[PDB]
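Engineer: Each chain is listed here by its residues.
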Amino acid sequence: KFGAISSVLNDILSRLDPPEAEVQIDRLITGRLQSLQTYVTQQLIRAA
Amino acid sequence: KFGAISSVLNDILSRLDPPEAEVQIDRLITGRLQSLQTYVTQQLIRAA
Amino acid sequence: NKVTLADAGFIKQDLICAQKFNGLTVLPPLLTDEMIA
Amino acid sequence: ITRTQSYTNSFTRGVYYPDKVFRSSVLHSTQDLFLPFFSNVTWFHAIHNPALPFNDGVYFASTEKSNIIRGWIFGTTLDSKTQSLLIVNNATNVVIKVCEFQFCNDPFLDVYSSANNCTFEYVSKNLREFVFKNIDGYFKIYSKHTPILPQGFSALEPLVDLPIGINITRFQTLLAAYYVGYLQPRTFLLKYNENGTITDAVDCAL
Amino acid sequence: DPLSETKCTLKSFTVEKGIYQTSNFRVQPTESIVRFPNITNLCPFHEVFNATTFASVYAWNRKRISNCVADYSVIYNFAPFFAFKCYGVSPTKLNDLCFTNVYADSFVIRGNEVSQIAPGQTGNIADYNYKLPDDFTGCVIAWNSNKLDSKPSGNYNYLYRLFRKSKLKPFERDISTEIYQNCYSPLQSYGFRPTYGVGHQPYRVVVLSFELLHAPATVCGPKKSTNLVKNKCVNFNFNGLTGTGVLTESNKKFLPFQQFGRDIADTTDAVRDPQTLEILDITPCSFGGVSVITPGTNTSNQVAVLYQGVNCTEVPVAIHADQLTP
Amino acid sequence: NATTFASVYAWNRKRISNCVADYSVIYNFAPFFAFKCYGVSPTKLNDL
Ligand SMILES: *[C@@H]1O[C@H](CO)[C@@H](O)[C@H](O)[C@H]1NC(C)=O
Ligand SMILES: *[C@@H]1O[C@H](CO)[C@@H](O)[C@H](O)[C@H]1NC(C)=O
Ligand SMILES: *[C@@H]1O[C@H](CO)[C@@H](O)[C@H](O)[C@H]1NC(C)=O
Ligand SMILES: *[C@@H]1O[C@H](CO)[C@@H](O)[C@H](O)[C@H]1NC(C)=O
Ligand SMILES: *[C@@H]1O[C@H](CO)[C@@H](O)[C@H](O)[C@H]1NC(C)=O
Ligand SMILES: *[C@@H]1O[C@H](CO)[C@@H](O)[C@H](O)[C@H]1NC(C)=O
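Chains as they are written, first to last, in PDB author numbering: chain S, 965 to 1012; chain G, 965 to 1012; chain X, 820 to 832, 844 to 867; chain V, 19 to 66, 78 to 139, 155 to 168, 183 to 206, 212 to 238, 259 to 289; chain C, 290 to 470, 483 to 627; chain D, 339 to 386.
Read the hints as simulated data drawn from the structure, not as lab findings.
Honestly, I wouldn't trust all of these hints.
[As the list claims (entries may be wrong)] Pairs of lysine to any residue, SDA-like flavour, derived with a Cα cap of 25 Å:
#	chain 1	residue 1	chain 2	residue 2
1	X	850	C	365
2	V	38	C	564
3	D	382	D	347
4	V	38	V	203
5	G	965	C	423
6	C	456	D	372
7	C	382	C	365
8	C	533	X	846
9	V	94	V	124
10	G	965	C	568
11	X	850	V	203
12	D	374	C	612
13	C	374	G	988
14	C	553	X	852
The whole structure should be built from the sequences, with the hints applied where relevant.
Structural biologist: Structure, rendered in structure tokens:
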């Protein structure tokens, strides 16, 4: 969840108005971006 | 923008009071730091 | 002649101007080409 | 009173500046309502005739010696209820009104029988190229005159954006040969040369 | 002295032999300038907030404001409201900004419908009468008018649209009276009486909307311009664009509808003076890095200084304490 | 629209189920000013 109400975009969109949906969605965006970045860094280190 | 109102600090300082300007500036600070960190990590991996 | 660089970080009294104006700089090597030759 | 139509092709035509910002010697990616490259445009000849549709903005081209073509009307029903936009220009001075006009079928200028609730007033070969848009209550115009269908590029600059607050789904001309094309939302890659003028463009989804 | 700066950077009282990258030097600005268009007439806010009659919500009244000096602090003298409600800007900075032109939309609604005058809302008022963009910049003002728009018998002069085939779009209106398609009239009138509750009493609403300076500005705050200085590191303020740097005459070609120019990083590089209409290039003031060379405090306290990537003839020479960062 | 309301130490609880709920009609029953909702937004209440 990364501090958001839910881990599903559709529920956040169907339960809140857009102004609050945006602030709820940015947190998921940041968390998933961090996950991808960590994965890629580990992959590079292994490839070396 | 990293979810902030704008990408220029001067505009944020001009349009908002300090209590909200700090909130808007924190996001820019975090984004810039993340960019620098990824750059430095990649530089290390190439130097190896 | 075959290999072309961008800059060796000499005096700078484009793209390099933008890099400089945002605090990114390049330092020169300790040994010049003549010494390696 | 009578009109006939053929169909032709556009050779990378109808590009306009999307912002009032000076740039030079760069490539910029933008997204907006543009005329897709290699479209299938319509060519109308008018001889002495329903209301053309207005899907979303329109591109208009004409090659006339004088003020043979005078203006336009925009609306949905145009009869008595829906407020309609009327723009009439003769000598570079344009009168624009937003009134419950009663437009006579097959209108021409020597247009409407009566008007109500205008609440608005505004007074202000060669290829005439025009681009018309209507988004969020803003009716916006871009225009250009090019000395010369042809090839190459010629950017269009912005005249005025006005608040009307009406829904427009049909438009008609009051004045003769002209070309009509329709815009769609998409992404473009524009090239700015030394003198901040667009020289080349790439359609990102062609 | 530079040795003390090195000690502080290393967080120790002892420094060994070597060359340490200590800090960065910059040149400070000398004076400040302000440039605004020359305008005298004031904006007509008195006719908006002190009108004898307010339009119905279904046919809201719009007024365009341009080419005037805007002083917002006077608005508090006309209507007995409590506070602004501003989106995208704070009410205390409205006197420090320049806008292209302003729009004032006035109407009357019921007490509990005032919450529908914000972005991203739904309901009859926000669906069929008055809609606002999701990304809105402006301010909303609402105040009670129970002693003006209420009658003991009942006031039926204010109407709102109940049924409509489809929802409206931002800043769109329709004033037709066609019978809705078991056939119901589309418009219905508020029954306003003085004895109703707080949430059932009339409220007058005025909405101000601005344009965020993407073109020459015709409405600005009550600020005074200064003289123009070109070839010195100064603080400048062009129609709300604040910055620090050196101004110079420019040879760039600006089309009459272009006001400034941006860089690859969306950094302003050229501006058009609001008064003389000339093009000025902007550059940052001098900056560089300094390194301290020492033989070790265990041996001596003599140090040398390297200014990195600068010409010796162009090294800073100002001796005033308010011209360099070190 | 109850003619009398209970005291705080004995608050009155009513259960609602098996019915179609339309939350836009309760603005006509009391002269209040706005809701105060946690976890949802009033404007979405008819979509759940
Ligand atoms: C263009 O549209 C006309 C309309 O009927 C159609 O006949 C034609 O095949 C289309 N394409 C070309 C290249 O004309
Ligand atoms: C810009 O304009 C000048 C003057 O007309 C001209 O000499 C120059 O060639 C132009 N730049 C380009 C890239 O054509
Ligand atoms: C509003 O205008 C009327 C008419 O001149 C005037 O009597 C009244 O004092 C004005 N209200 C305020 C608050 O100035
Ligand atoms: C005042 O008007 C504009 C600036 O707003 C500009 O023409 C100049 O500064 C003044 N006009 C003159 C000097 O004629
Ligand atoms: C420093 O500036 C002077 C001024 O002409 C120039 O002659 C000199 O070459 C510059 N320094 C270097 C290292 O080029
Ligand atoms: C609901 O409350 C009103 C008070 O405004 C009252 O007149 C009415 O009788 C109530 N409803 C019923 C069914 O009694």
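Engineer: Do the alpha carbons of residue 965 (chain G) and residue 568 (chain C) lie within 25 Å of each other, as the hint requires?
Structural biologist: This hinted pair holds, its Cα atoms lying about 14 Å apart.
Engineer: Holds or violated: are the alpha carbons of residue 38 (chain V) and residue 564 (chain C) at most 25 Å from each other?
Structural biologist: Between residue 38 (chain V) and residue 564 (chain C) the Cα gap is close to 14 Å, so the pair holds against 25 Å.
Engineer: Is the Cα-Cα distance between residue 382 (chain C) and residue 365 (chain C) 25 Å or less?
Structural biologist: holds, 15 Å
Engineer: When you check the alpha-carbon spacing of residue 374 (chain C) and residue 988 (chain G), does it fall within 25 Å?
Structural biologist: With Cα atoms ~19 Å apart, residue 374 (chain C) and residue 988 (chain G) stay inside 25 Å; holds.
Engineer: Does residue 347 (chain D) lie within 25 Å of residue 382 (chain D) when you go C-alpha to C-alpha?
Structural biologist: violated, 33 Å
Engineer: Please work out if residue 965 (chain G) and residue 423 (chain C) have their alpha carbons no farther apart than 25 Å.
Structural biologist: holds, 18 Å
Engineer: For the pair we were handed, residue 456 (chain C) and residue 372 (chain D), check the Cα-Cα distance against 25 Å.
Structural biologist: holds, 23 Å
Engineer: Would you mind confirming whether the straight-line C-alpha gap from residue 38 (chain V) to residue 203 (chain V) stays at or under 25 Å?
Structural biologist: Within the cut-off at roughly 19 Å; holds.
Engineer: Does residue 365 (chain C) lie within 25 Å of residue 850 (chain X) when you go C-alpha to C-alpha?
Structural biologist: violated, 49 Å
Engineer: Residue 94 (chain V) and residue 124 (chain V) were given as a pair; does the straight-line alpha-carbon distance stay at or below 25 Å?
Structural biologist: Measuring from Cα to Cα gives roughly 22 Å; hence the hint holds.
Engineer: If you draw a straight line from the CA of residue 533 (chain C) to the CA of residue 846 (chain X), is it 25 Å or shorter?
Structural biologist: Given that 25 Å is the threshold and the Cα spacing comes to 24 Å, the pair holds.
Engineer: Checking one constraint from the list: CA of residue 374 (chain D) to CA of residue 612 (chain C), max 25 Å. Satisfied?
Structural biologist: It is violated: about 66 Å lies between the C-alpha atoms, which goes past 25 Å.
Taken one by one, the earlier hints fail for this structure at numbers 1, 3, 11 and 12, listed in ascending order.
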